[PDB]
Amino acid sequence: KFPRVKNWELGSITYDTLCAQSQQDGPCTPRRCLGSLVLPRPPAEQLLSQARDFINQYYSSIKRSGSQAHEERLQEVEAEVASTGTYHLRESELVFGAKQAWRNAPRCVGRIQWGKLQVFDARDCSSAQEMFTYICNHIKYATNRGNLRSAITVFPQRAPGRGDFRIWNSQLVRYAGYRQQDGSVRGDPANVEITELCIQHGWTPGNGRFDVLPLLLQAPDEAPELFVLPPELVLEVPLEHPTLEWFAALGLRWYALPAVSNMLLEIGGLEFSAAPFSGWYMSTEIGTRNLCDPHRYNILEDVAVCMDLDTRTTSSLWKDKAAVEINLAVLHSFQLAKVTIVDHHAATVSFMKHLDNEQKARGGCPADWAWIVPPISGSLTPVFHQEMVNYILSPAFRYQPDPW
Amino acid sequence: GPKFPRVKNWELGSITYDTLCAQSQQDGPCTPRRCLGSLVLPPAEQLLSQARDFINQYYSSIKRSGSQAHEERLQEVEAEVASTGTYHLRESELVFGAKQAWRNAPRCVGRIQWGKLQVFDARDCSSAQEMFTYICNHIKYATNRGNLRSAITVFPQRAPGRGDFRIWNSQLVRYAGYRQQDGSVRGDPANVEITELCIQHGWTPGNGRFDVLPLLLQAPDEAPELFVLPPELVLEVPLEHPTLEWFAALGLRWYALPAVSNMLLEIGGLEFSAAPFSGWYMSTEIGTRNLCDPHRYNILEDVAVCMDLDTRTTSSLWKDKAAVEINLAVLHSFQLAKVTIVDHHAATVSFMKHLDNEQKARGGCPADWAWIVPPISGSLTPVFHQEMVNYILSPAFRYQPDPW
Ligand code: HEM
Ligand code: HEM
Ligand SMILES: Cc1cc(N)nc(C[C@@H]2CNC[C@H]2OCCNCCc2cccc(F)c2)c1
Ligand SMILES: Cc1cc(N)nc(C[C@@H]2CNC[C@H]2OCCNCCc2cccc(F)c2)c1
Ligand SMILES: C[C@H](O)[C@H](O)[C@H]1CNc2nc(N)[nH]c(=O)c2N1
Ligand SMILES: C[C@H](O)[C@H](O)[C@H]1CNc2nc(N)[nH]c(=O)c2N1
Ligand SMILES: [Zn+2]
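In order, the protein sequence lines correspond to chains A and B.
Sequential numbering from 63 applies to the first sequence in the working numbering.
Sequential numbering from 52 applies to the second sequence in the working numbering.
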């Protein structure tokens, strides 16, 4: 049953025994693999057993498995679920759970950092106003003048009687997308809809290519509220190129802080609908995907023309050439601005080490090959050559529907 | 909606559903518990129903399903199995099954060409010497002085209590890999074992980085015989760069004809253990994988030193720059020598067109995302953004164990 896992550069072999701890089904069956889809489409005893498993994971982590603290905490959980149909985590438990959700995230290549996570307990939040304050602290902390620090802030869990705490934005920092008369988009095409929502709720919009969006924050069962981030909290990096003087004239820039804000955090069967987290960028996210994706800023052609490349044929490799300069520009500019960035070689090399650490520690690591391999120069990185097993462990981050 | 996998393109936002996967009669490696999609390698009762399915497929494809000739062919197939334990394909059935196997191959991006395949029937072949003649005709035909033509030569099928026809080499044309006195390898490190098997069977070896290997050909129940390809038959392309003048001095080269020779061709339960097939190259196969893989020629550093890059640090993207030029050199040299090649941009754009063709014709196309997406410039190609469903259809090419 246990899958044999080979690295093809090195000829080495491991066996994933960790996958036996999965309690949640992915999208594949023996008839067909759907491993490449991005998104595929409680009652007391089910919660109670997810809770026990997690409490068990927690006492294992602190080497107190079977002790008196462990025993009585299980009793406390059974007592609370039996009476109320739910329960609550202690702060240390939450801290362990948040790190473990990151650790378990098959699509994250930055997991060597997993144990280094500042966890802000925001479960004593009763308003969108308070959410904003908490969010501003997270950003201030996480940014740290360019010396970025991984952080998560956790707002109040879901409850059966009421609506969720939610952040409408998919990240804490995002650029606006304005549909134009002419049918094109100024700004980021990925954010057209959230830009339109911000306007609908009273935002006076800019008209630039990089207008930081405001936040729509939603307390249970209320209209979302609009909050503009103080601009001094939002660190941005102007993009120049080491050798190409003209590159700066493109006026391209990106924000320092990658911070997901619409994923659900699940710990011990409890669900945290608003729990934004941030780390630091790997350069290809910006250099390749955000700037060069055809459904994003789509700047490749512009850059190739600047580079006076032959755009008439594909075989001149003008796309590859321009894409490299752009990734180079992102790395250079971040390093110049003294803002933390990792390149895809450094990142994937450290992910290989993480795979080795996890093998010894846990007997495996869930990993999504298509997400782990970078979007340029795939086979030039060691992860390309590494077979990977993908499965869902809890604690987990999940996707959740947009609240509108 | 529909109870078949929903399949999304993220560049375009368009949706399809795959209904072809319903036809799959063979389980892959994945289960709901865990996806294994990134793994490289993972009596008469059974034969007769496979045969029936194939005959049904043939008859549907010529629009004569349910007809008297369809039923008589079914009856003829049953009788032949009933008395001999096996059966035999009519000529046009083999032609159809061979193309269908190419059409069904999830790992091939060149499938838009599937309808154009020269099928050479070599089911009369009765010795190792004749296999050689057949193979020489294939190479001459397929090479066509650089205007390459897809072809497959089919030798006799596995028999009950009778040895297989086998080609021992993994491709018709491959370079030697000589294990050096100091652990390192001269030539292609992927070919150490086969090289050593050639020497063991009486080949006098060269001392070069690019020595074309001899063929080890095995008739049923006989030891393999060694055959040297006449060099006038093996078209090679010396590698040079359009602007970097020193690149020619590296003395790199590659062969024109990519020809898989150790795969099993399965058709209606019949097994063709010797059925070598060939197409033409996608440039990344040579420029990226064969030349730059750490476990192949590993020339990235050498080229980056020539290009005067900073190889002491990852963030100079020296690997990415050198890789781009090596690929460009491959494209340019093949073009100069008038030998067919396709770049990873054109290949993938044409594979997208193939997915549309197949949606309309069969209701889907089995595709292995990890293999379809090229090893450089991944997200710059349209296939990165296209979700794919992977499943096994028959007729098929299979991996098979090495005969020794
Ligand atoms: C510390 C530096 C970090 C780096 C360099 C990093 C890198 C990455 C990259 C490149 C991806 C793929 C992103 C994409 O292509 O959309 C990713 C995904 C992800 N990361 Fe990390 N990450 C870091 C920190 C974190 C932290 C702190 C967390 C949570 C505590 C986290 C959780 C996730 C999750 C849940 C995904 C999947 C996102 C999705 O499926 O939409 N990462 N990361
Ligand atoms: C016409 C030009 C063709 C092109 C451009 C092409 C392209 C490719 C590429 C890039 C791969 C992946 C190779 C690798 O990374 O190892 C591949 C795999 C494959 N191709 Fe095609 N191909 C062509 C013709 C053919 C033909 C004629 C056949 C057989 C009838 C074929 C059958 C296959 C099969 C079975 C694989 C899987 C190989 C494996 O798993 O080892 N292709 N093709
Ligand atoms: C925490 C962290 C570190 C890092 N280096 N980089 C990141 C980028 C995030 C993750 N992944 C993209 C970025 O976030 C973008 C917003 N995510 C929305 C969810 C989503 C998902 C799929 C398809 C969709 F249409 C929408 C996060
Ligand atoms: C027909 C055709 C067209 C084309 N453009 N390109 C090709 C390259 C073939 C396919 N794929 C690599 C090349 O052939 C190499 C032979 N591979 C043996 C099987 C194998 C599998 C995994 C790991 C291994 F070590 C060995 C064929
Ligand atoms: C269809 C395909 O799964 C999709 O384009 C994925 C591929 N791999 C990825 N890998 C990362 N890191 N991020 C992505 O957005 C994607 N997109
Ligand atoms: C581990 C991974 O499956 C392996 O390195 C695969 C990835 N994709 C590939 N894709 C192609 N076309 N050829 C290959 O050899 C590989 N190698
Ligand atoms: Zn799968």
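In case anyone wonders, no lab produced these hints; they're calculated from the structure.
All C-beta atoms, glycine included, are put in the ideal place defined by N, C-alpha and C.
Wrong hints could be hidden among the right ones.
[To be verified] Just so you have them, the derived chain B footprint on chain A, three or more residues with Cβ under 8 Å:
{"no.": "1", "region": "129 to 135"}
{"no.": "2", "region": "182 to 190"}
[What the hints assert, rightly or not] One-sided and incomplete, this derived list gives chain A residues near chain B with beta-carbon spacing under 8 Å:
{"no.": "3", "residue": "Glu71"}
{"no.": "4", "residue": "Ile75"}
{"no.": "5", "residue": "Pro92"}
{"no.": "6", "residue": "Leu210"}
{"no.": "7", "residue": "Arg211"}
{"no.": "8", "residue": "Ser377"}
{"no.": "9", "residue": "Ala385"}
{"no.": "10", "residue": "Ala423"}
{"no.": "11", "residue": "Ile438"}
{"no.": "12", "residue": "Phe446"}
{"no.": "13", "residue": "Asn452"}
{"no.": "14", "residue": "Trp466"}
These are the hints, each one checked on the structure:
With 0 residues having a Cβ less than 8 Å from any Cβ of chain B, the region 129 to 135 of chain A misses the three-residue criterion, and the hint is violated. Check result for the region 182 to 190 of chain A against chain B: violated, 0 residues qualifying (beta carbon to beta carbon below 8 Å, three or more required). Residue-level restraint check for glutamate 71(A) holds (minimum Cβ-Cβ distance to chain B is 5 Å; threshold 8 Å). Below 8 Å, beta-carbon pairs count as interface contacts, and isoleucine 75(A) has none with chain B, the closest being about 12 Å; its hint is therefore violated.
Restraint check, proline 92(A) versus chain B: the minimum CB separation of about 4 Å is within 8 Å; hint holds. A hinted interface residue such as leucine 210(A) counts as satisfied when its beta carbon comes closer than 8 Å to some beta carbon of chain B; here the least separation is about 16 Å, so the hint is violated. Violation of the interface hint for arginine 211(A) is found here, the shortest Cβ-Cβ separation to chain B being roughly 21 Å, above the 8 Å cut-off. Of the supplied interface hints, the one on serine 377(A) holds, with its beta-carbon coming within about 5 Å of a beta-carbon of chain B, less than 8 Å.
Because the closest C-beta pair between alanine 385(A) and chain B is about 6 Å apart, less than 8 Å, the hint holds. Interface hint at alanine 423(A): violated, since its Cβ lies 19 Å from the closest Cβ of chain B, which is beyond the 8 Å cut-off. Of the supplied interface hints, the one on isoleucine 438(A) holds, with its beta-carbon coming within about 6 Å of a beta-carbon of chain B, less than 8 Å. Taken as an interface hint, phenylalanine 446(A) checks out: its beta carbon lies about 7 Å from the nearest beta carbon of chain B, inside 8 Å.
Proximity of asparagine 452(A) to chain B holds as hinted, the smallest CB-CB distance being about 4 Å (cut-off 8 Å). With a least beta-carbon distance of about 19 Å to chain B, the hint placing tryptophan 466(A) at the interface is violated under the 8 Å criterion.
The structure shown violates the earlier hints numbered 1, 2, 4, 6, 7, 10 and 14.
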